[PDB]
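What follows is one chain in structure tokens, specifically the form deposited without 2-(acetyloxy)benzoic acid (AIN).
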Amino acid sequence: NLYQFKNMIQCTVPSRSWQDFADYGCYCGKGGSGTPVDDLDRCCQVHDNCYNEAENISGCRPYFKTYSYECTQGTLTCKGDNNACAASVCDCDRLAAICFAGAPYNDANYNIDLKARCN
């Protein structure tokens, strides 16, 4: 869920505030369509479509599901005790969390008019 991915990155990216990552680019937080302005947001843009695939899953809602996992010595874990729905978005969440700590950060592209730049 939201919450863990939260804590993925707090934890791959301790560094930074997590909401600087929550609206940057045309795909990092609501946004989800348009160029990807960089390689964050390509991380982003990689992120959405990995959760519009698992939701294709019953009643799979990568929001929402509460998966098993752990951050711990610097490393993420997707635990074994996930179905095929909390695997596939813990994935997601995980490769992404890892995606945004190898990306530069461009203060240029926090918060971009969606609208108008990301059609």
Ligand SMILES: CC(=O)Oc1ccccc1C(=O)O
Given for the second form:
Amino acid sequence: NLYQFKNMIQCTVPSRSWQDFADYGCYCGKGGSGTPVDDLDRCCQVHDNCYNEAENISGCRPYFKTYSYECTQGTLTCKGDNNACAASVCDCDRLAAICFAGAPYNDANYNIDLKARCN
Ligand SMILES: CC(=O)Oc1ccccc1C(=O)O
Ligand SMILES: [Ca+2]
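Next, give the form solved in complex with 2-(acetyloxy)benzoic acid (AIN), keeping in mind that what was shown is the form deposited without 2-(acetyloxy)benzoic acid (AIN).
Let's see the whole complex now, leading with the same chain.
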């Protein structure tokens, strides 16, 4: 679920407030269309796409599904007790968190005008 995703972010990127990733580029946060503005936005595009794919699983709701995961000593793990939906969503989130940690953050791309620049 989003609360868990937020925690994954806090875990792999402890140097930025999680909010910094909540409204960035065309894909990070609410937005979900257009051309990704940079490598960080591409992380979010793939993440959004990953959620769309999981929604195909009957009864699978990525924003709300609680999965089983651990973040200890610099390592994020999705656990084995996850059903297909939970496993898929956990991996979507895990891969995005890792992606965020390796991507450059451009303050200029935070809170951009989605209606004008992302369609
Ligand atoms: C806005 C939202 O509900 O989810 C997110 C939180 C942090 C980063 C990205 C997103 C997203 O939906 O793309
Ligand atoms: Ca999005």
